[PDB]
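Peer 1: Residue strings, one per chain:
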Amino acid sequence: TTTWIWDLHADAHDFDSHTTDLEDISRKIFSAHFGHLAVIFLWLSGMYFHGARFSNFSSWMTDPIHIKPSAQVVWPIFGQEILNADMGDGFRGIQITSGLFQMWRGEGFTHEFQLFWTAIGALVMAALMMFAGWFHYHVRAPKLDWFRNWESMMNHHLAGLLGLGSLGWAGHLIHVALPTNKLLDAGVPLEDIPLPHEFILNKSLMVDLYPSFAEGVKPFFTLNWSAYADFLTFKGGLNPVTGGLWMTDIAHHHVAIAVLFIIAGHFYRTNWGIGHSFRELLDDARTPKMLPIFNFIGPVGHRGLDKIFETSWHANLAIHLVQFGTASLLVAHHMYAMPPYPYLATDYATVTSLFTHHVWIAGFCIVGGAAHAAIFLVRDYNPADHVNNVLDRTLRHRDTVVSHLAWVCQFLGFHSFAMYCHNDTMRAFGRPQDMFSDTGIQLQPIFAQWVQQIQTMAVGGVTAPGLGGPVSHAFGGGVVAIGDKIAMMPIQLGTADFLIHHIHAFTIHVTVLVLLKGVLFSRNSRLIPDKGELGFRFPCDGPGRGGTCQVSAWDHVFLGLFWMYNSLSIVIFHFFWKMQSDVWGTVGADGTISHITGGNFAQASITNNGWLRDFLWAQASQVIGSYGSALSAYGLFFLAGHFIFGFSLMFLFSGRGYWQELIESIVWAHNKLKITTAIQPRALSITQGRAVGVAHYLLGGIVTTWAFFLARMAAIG
Amino acid sequence: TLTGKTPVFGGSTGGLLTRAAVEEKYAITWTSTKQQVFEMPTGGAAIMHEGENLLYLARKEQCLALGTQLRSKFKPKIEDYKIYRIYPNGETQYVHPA
Amino acid sequence: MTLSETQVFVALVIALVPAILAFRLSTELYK
Amino acid sequence: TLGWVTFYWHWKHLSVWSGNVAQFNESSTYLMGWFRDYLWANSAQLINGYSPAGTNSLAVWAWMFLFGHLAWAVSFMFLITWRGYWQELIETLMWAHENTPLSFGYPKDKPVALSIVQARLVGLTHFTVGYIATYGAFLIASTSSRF
Amino acid sequence: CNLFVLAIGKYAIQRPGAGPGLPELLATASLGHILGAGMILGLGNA
Amino acid sequence: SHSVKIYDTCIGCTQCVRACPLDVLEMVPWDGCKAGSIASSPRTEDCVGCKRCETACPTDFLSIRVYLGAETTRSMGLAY
Amino acid sequence: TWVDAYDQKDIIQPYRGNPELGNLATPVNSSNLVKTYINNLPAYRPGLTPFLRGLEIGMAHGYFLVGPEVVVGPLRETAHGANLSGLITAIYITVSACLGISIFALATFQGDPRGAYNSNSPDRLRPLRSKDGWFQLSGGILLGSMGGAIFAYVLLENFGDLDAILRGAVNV
Amino acid sequence: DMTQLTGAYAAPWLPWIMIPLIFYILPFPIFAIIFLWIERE
Amino acid sequence: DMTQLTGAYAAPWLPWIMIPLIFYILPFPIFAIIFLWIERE
Ligand code: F6C
Ligand code: CLA
Ligand code: CLA
Ligand SMILES: CC1=C(/C=C/C(C)=C/C=C/C(C)=C/C=C/C=C(C)/C=C/C=C(C)/C=C/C2=C(C)CCCC2(C)C)C(C)(C)CCC1
Ligand SMILES: CCCCCCCCCCCCO[C@@H]1O[C@H](CO)[C@@H](O[C@H]2O[C@H](CO)[C@@H](O)[C@H](O)[C@H]2O)[C@H](O)[C@H]1O
Ligand SMILES: CC1=C(C/C=C(\C)CCC[C@H](C)CCC[C@H](C)CCCC(C)C)C(=O)c2ccccc2C1=O
Ligand code: SF4
Ligand SMILES: [Ca+2]
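Residue numbers (the working numbering), protein chains in the order written: chain A, 1 to 717; chain B, 1 to 98; chain C, 1 to 31; chain D, 1 to 147; chain E, 1 to 46; chain F, 1 to 80; chain G, 1 to 172; chain H, 1 to 41; chain I, 1 to 41.
Be careful, since some hints might not be right.
Stated by the list, open to error - Derived BS3-like pairs: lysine-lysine, alpha-carbon spacing no greater than 30 Å straight-line:
{"no.": "1", "chain 1": "G", "residue 1": "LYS35", "chain 2": "A", "residue 2": "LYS289"}
{"no.": "2", "chain 1": "D", "residue 1": "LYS110", "chain 2": "G", "residue 2": "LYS9"}
{"no.": "3", "chain 1": "B", "residue 1": "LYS25", "chain 2": "B", "residue 2": "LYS5"}
{"no.": "4", "chain 1": "A", "residue 1": "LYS307", "chain 2": "B", "residue 2": "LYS25"}
{"no.": "5", "chain 1": "B", "residue 1": "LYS5", "chain 2": "G", "residue 2": "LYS131"}
If you're looking for bench data, these hints aren't it; they were derived computationally from the structure.
Here chain A stands alone, though its shape is the one from the complex:
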């Protein structure tokens, strides 16, 4: 039947679904990770090759204020060469929003052969990854005690991967990227920029940019580190030429975290007696050894948990996908407010796209962390290992956890969203004094305003005397302007910011509620006492007990994907409106700031009608008025994303029993004309129809926001 075709592509990469031997499972995982590294190196080879061959990068490096970055040219077939837009400088292409040019300028790239030899090195190292995956599987695969050496793996990845990676990048910053960006910010044209090996061969050429280099590596070994305080600086603020962070703060950052990570890579005991072991740290976290505030975790505590990490790859994937969500969320929030690349903060199409991308990467990773947490509890969890420890006691009060979470989701939905419905009703009545607003009933976010005042008072310098400028200009300080364009200014928080932050707290808590109830009730419940015996992924247990549709832990990941999408859409909508309204814009010749949407977030974002009219209706005029221009691919992708959203609701709202009885009549008509095939035509399964419906829903909604974000910012940003 046709179900075998869909089941084969779904049974592809789960390895314990075959014969479960952990050493052979761990070897297929270790060599597939080499293959995914070869895919990343092949994709990195493309971005450096298209940056070296199909770009305006040498033209953009002359004057990065008035030149738009392009790195994709389009062939002249079917009339599709209209998308090759003028970027300035006579170059016709597609305006890229990834920010590769701002990344390459800060790293020290100056020509299009340096990007070429980086593309060759990524093409070489991709072939080295698909040899190491062949060698460490088909020739000399390791065995299970090598995979179980946590203390050696933690020591080698803290000190060796992160410590030597950022120390080695601090070598590239100090000897290549600090002189190249110091000459560029002091206005030196690119014929006169020395090639980056001449800052090492001609050592005297770095002496006049940094006089501490004449005194050599000798103050480092004698701990006279204050001699170096002109290329490793604790400045803060932004560069007034580029808008990026100070490159001497970036170098001293990657020096200080290098020492902190190499120190961290000596914490664990491997072969020499010195260090902590993972088992002794976990077997001691229990009563009576903990604090008396934590007496509730009981006498076993964390004692049975090391057998999880001995046996379960899914449980480690659950933690690591969560922390890649934590890292990518930090990358989103910290790179808009402390922009680390030159001429990044005033490229508004790039700041929009970089925040939105790394928010969405983080939200899929968090759902995957909850998905593979439920796979561990169904497949890998053995209850004999966990008697009265913190895993067993969590499963024994799951009714208190879910019902307390269900209450706080209802509290947050009333006391965030229903206050917008209060505000919609009060404004329609003509009672603006009765609204939750800065001019009505104020809800000042006083704890976030207090932190902003602390973050400003810290630099001067009550608690951090070492800075000159602020950590970020979003906290306080002043307006940074690059090319009469705002790079970063203080972001004022009012009643509109109190309300949208409690919307975020509401939509995250519900997304936790869908995912945590799926994990905590994955093995059994009061409804299905043998739910773990039915598997991780199954449609239901029949129409009985009232109806048991979507009880499986897979279907909670299915519902959690919609709620993650609903949560992160409001997050990027909060970002896109507030940056256009209160941050981005133009410093006039008068001295006054005229923002993009003119400061309308404080009064219009407090109702649903203002989000519909002033955000959704007003700002989508660029994407719907793009037909017959160079932004017309965004206008086509805008309607294409609307199509797949409506198309997804056929799979989500219907069931396969209709479609199987519809197929028998078309099977009948194919049999009357004698053209039957052997593989028998089946409707999709109940889980396949849910997986297709959620994939097309998320694809339809994200492509629509992507076309709306990028058509507006490529026109007016």
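Fit chains B, C, D, E, F, G, H and I with the ligands to the given chain A structure using the hints.
Peer 2: Relative to the frame of chain A, chains B, C, D, E, F, G, H and I with the ligands by itself:
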């Protein structure tokens, strides 16, 4: 009329409720040859005793899912489990095996 | 100048901590 | 289907009544023309029925417009999420009520999730109410404010 | 130097696994260079 | 309660009795098939309606049919 | 590996010593501080008549329910209007809640009740087990919450003279 | 005329009392009557 | 200033409520709690 040690268990939030005292209750009794860990149908791990056990549960499906685990997850198998239905007046009816 | 209104409210909130710790010392000393 | 019918009747007649019957003729042959010139262009005074600039006589139709968008979205909860998600959530709420002090109420009828057929009907009812209150507010407010 | 002498004077007291000796000397010398660098820079500005 | 009907196409493979998580079904001697036994449903007031027995039936069409009837506390599967 | 589990002392115990019950004995539901406080609240205080339970519950509740509409309600621009709208809000909530208490008792106590008010129910948290206890609690909550609301109304309507009392301005 | 609800029709006190009666005075007694009808045994 | 109790310090409404609470609102509940503690059997 029902003999057995209660399994070693710290209690949970998935156990007996108001329905167990006012409508009907269920008890599963089995003998074990060793002290070993089983999974409760209400969530969590309990320790059965060597010899005769007795566990009160809320639904008949929870007792039969426990008896399925006793027959399938332990070597040697535990097949001798008996399931009773207890009414609020103390009237106990032997329902499995019938 | 003397204290501000936020300084007085900080002292009132902090003083709940020895209020709770004196309650648990009193009930531990005995009934 | 009746959406496609009444969209065509309204956009053809809004072009005839305004004298701009030509503008229907180039724009109705591609789907962006329905999106830009019928849906987006005629929403302008409807969603300005109340604003920070004030309120006017289209405010009940602007409020019903969002009301219809809200009922259509509540519909998707009943149509995408199915029963046994909600039935297991209600057991935790039945746990929480029985073990909370000072909550003297107790349900005479045992709380269960809505049945499989019922929430297809409840989801279709919110879909239909959300369909008609949205377009009915848009049909009144776009026609009566242009004429 | 005086922090390195402090490390060999108060960390033959703290360590359960001593001798796998050769490498807890290298640990005690490493911590002396860590606490030495923090105190020299700490006393460098007082 | 629900209604569980066993039809005379039953080959007596005992698979519906093994599949039932509520112990509704048992085998009685029949002399109407080769196995000499047929399924019966004596304890149908304990049937929750999960239709696991119909999923296990190899006869085409099924020899066991569950008809969802009046909802009781047992048939709704309520622990509260 | 699991044999010494459940041998050391734990502050989390099975509820009423029964591990088959669907609850746990925690510091929040079973410590001596929270048991002295909760069991001496007027819903649970031992020996009280059902009416006096209602009167203390009402007087506490009607007093604070005047509050929100006085300060943030639609009449808040004038003092006399805000106090009246806060009183009417507390009156309307009280009548609605006491109507709910009465129709709960009329629906529940029909023969042997189902659930927590059955004769076999060991529900310590729901001890008002007869319908005449519920109707006396309904009348107690009505009279107490009406009295507590009109007490808060009289204090807020006379706030100018009450502020002058508490600052000694009446001694001039 | 423009500051509050008035009525220039016959008996303008009728919506002054009927809308409170229909919408927030009588519904809770009607809901209570219907509740006792569907719970009685 | 000279006719009534005022306060030229931060939060002058605090003695306006604390002295009634400490001295003649809370003592009779505290005396009743202590009385039930020393009479209970
Ligand atoms: C009657 C009796 C009773 C009682 C006592 O008595 C109660 C209580 C409880 C407690 C314990 C808790 C907490 C509270 C809160 O916060 O929440 C809110 C709520 C409210 C506010 C509600 C309340 C109500 C009151 C009490 C009464 C009132 C009445 C009126 C006033 C009268 C009127 C009458 C006329 C005729 C209309 C709860 C809850 C919950 N609920 Mg539950 N209730 C009940 C009822 C009901 C019903 C009907 C339903 C369906 C709708 C439900 C539902 C629900 C859900 C979802 C949830 C949640 O989440 C929560 C929880 O769990 O956490 C944890 N629930 N709660
Ligand atoms: C200091 C030595 C060292 C370094 C640099 C690494 C680095 C890595 N290991 Mg680890 N590993 C080590 C020691 C080390 N390991 C030891 C001693 C053990 C046994 C306890 C392991 C057991 C282990 C397992 C089981 C797995 C890894 C994996 C990984 C990768 C992490 C996932 C990833 O994609 O990273 C992000 C990638 C980067 C940050 C880019 C830099 C990485 C380069 C491209 C690697 C190749 C260059 C070269 C070999 C490293 C520099 C050394 C050279 C100068 C001599 C990363 C390449 C995972 C993997 O993906 O395997 C393929 C994995 O599954 N390691
Ligand atoms: C490092 C990250 C990582 C790793 C190693 C795994 C690995 C695994 N996952 Mg997990 N998972 C992850 C992240 C990861 N996942 C994330 C981020 C999510 C949230 C979405 C999940 C949610 C999840 C679920 C719900 C399930 C798994 C399952 C699995 C297992 C089998 C996968 C398979 O066969 O699919 C093969 C791959 C496919 C079938 C490709 C389909 C992917 C989408 C639908 C298409 C891509 C859309 C594309 C981007 C849009 C472009 C459209 C355009 C081309 C037209 C395998 C162990 C399954 C399992 O069997 O566990 C027991 C399972 O049921 N995962
Ligand atoms: C903080 C805290 C808490 C809480 C508390 C609270 C929450 C409070 C409340 C309070 C309140 C809530 C109060 C109330 C009061 C009331 C009153 C006291 C009333 C009175 C009344 C009266 C006096 C009246 C009278 C009358 C009548 C009856 C009739 C006629 C008329 C008149 C008016 C004369 C606790 C303990 C938990 C813990 C610790 C801490
Ligand atoms: C999850 C978070 C929970 C949110 C809970 C929200 C509940 C409702 C919030 C109202 C409480 C605070 O509301 C606070 O009330 C006062 C009194 O009206 C308002 O006061 C303001 O408007 C009123 C208008 O008459 C004026 O009298 C006053 O001069 C002015 O400052 C404040 O702007 C507001 O900050
Ligand atoms: C539409 C729909 C179907 C029908 C969808 C089907 C049958 C999918 C058919 C897709 C295949 C891939 C069509 C193409 C067939 C051949 C692969 C064609 C070959 C073409 C190549 C040569 C390009 C379901 O089966 C279903 C099941 C459960 C819930 C909802 C739904 C649902 O909504
Ligand atoms: S409707 Fe579909 S998913 Fe729901 S119980 Fe029936 S077969 Fe299962
Ligand atoms: Ca007002």
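Peer 1: Go through the numbered hints given earlier and state which of them the structure violates, listing their numbers in rising order.
Peer 2: Result: hints 2, 4, 5 break, sorted rising.
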